[PDB]
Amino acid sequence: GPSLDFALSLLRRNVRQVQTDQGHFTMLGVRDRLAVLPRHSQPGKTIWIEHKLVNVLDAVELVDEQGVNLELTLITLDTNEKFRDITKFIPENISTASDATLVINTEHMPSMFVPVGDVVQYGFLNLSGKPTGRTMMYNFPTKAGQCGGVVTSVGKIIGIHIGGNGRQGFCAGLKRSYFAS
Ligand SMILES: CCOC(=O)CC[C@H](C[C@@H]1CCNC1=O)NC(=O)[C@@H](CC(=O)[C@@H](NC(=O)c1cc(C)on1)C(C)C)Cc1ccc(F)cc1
């Protein structure tokens, strides 16, 4: 329902195709020159965005208050573009959902939407040997190439896709405070 239309608007204004040396990812533009990627994309000093090479001014790998990996990297892009500020749609606390849509946009998987259904609290995740906190899980067979995908519910941006085991998928939860100045 209304979830899907919200997801479509977010795609056009805030979701971009990127490529690093690690491959193709979806990127969420958060506000102005600030964006977020899965940590394992390992963005360097230059990144491909929508067929242009773009300088990266700064990058920070996010951890929680105890130091646990959140599997998210915040980057500031050297770009003319200024993302519409979508932080008001990110909840203050990690939020589950009943009818979520995953928004993917890479060169190999352009502009696609996947109804993943319920997104439930999971927490600690061992992701190919890398400990990760604050994850959520969906019972949907997500696949390689979908990392960075944005998990949304009606009027809420709740996660970034980071992994899966063939039958289930997992996202890093989003909190508004990650993006505070
Ligand atoms: C290399 C290409 O990379 C990509 O395409 C990025 C996106 C894919 C999407 C997966 C691809 C598959 N189904 C999915 O949804 N993500 C991964 O592959 C990650 C690994 C897993 O998902 C692992 N899963 C878990 O550990 C796992 C644990 C439980 C529990 O559930 N899944 C692998 C075993 C698949 C990549 C990763 C490697 C090292 C790290 F430090 C941290 C992350």
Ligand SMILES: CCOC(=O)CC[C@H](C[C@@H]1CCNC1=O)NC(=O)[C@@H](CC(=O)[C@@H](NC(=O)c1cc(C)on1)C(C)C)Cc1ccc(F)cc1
Contents of the next structure:
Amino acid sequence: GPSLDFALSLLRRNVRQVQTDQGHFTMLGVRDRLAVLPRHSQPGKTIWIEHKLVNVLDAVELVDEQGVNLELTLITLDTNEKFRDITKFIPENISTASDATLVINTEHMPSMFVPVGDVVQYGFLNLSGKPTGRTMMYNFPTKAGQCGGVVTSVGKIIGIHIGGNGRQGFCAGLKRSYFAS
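Follow the form solved in complex with the ligand with the form deposited without the ligand, if you could.
Partners and other molecules have been left off, which leaves just the chain.
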């Protein structure tokens, strides 16, 4: 319905398949040449995007005001093309949701929509040994959720999927200010 309408349009214009030395990832293009990945993707000076070799001009691993990992990396891409600006769909404060859909798009798992349901505040999480902040939690029963993914609800882009415990999945929450200016 309306939730999936928004998720499909987001896929089309803003969710891309990428590959780093660490594997296959879902990338969210945010605006202009700015995109976001889960930190574990560890982008290098070049990245493969939809089968094309692209230079990474800048990469920033985001931390909070204590320097605690947020498990998000912002990259600026060496390209002329511009992503549709979706920042107005990213809430000012990290937001929970009902009836959320996780959008995964990699070469090996293309255009995959997973109903996850309720997305609940969780906060501090030790993610494979790395203390992490600002997480949310949802049902996601896989041990292979290591490719990122965009958490969406009706008209809102709320998180980047970062990992899980085989029963629940966890996202880094998105706030508009991470992408400002």
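Only the largest set of C-alpha atoms that superpose within 1.5 Å between the two forms is called the rigid core. Residue numbers count along the first chain shown, from 1.
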Core-fitted Cα difference of 2 Å or more between these two forms, single residue among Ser153, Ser41, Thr132, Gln146: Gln146
Between these two forms, C-alpha offset at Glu81 (rigid core aligned, Å): 1.4
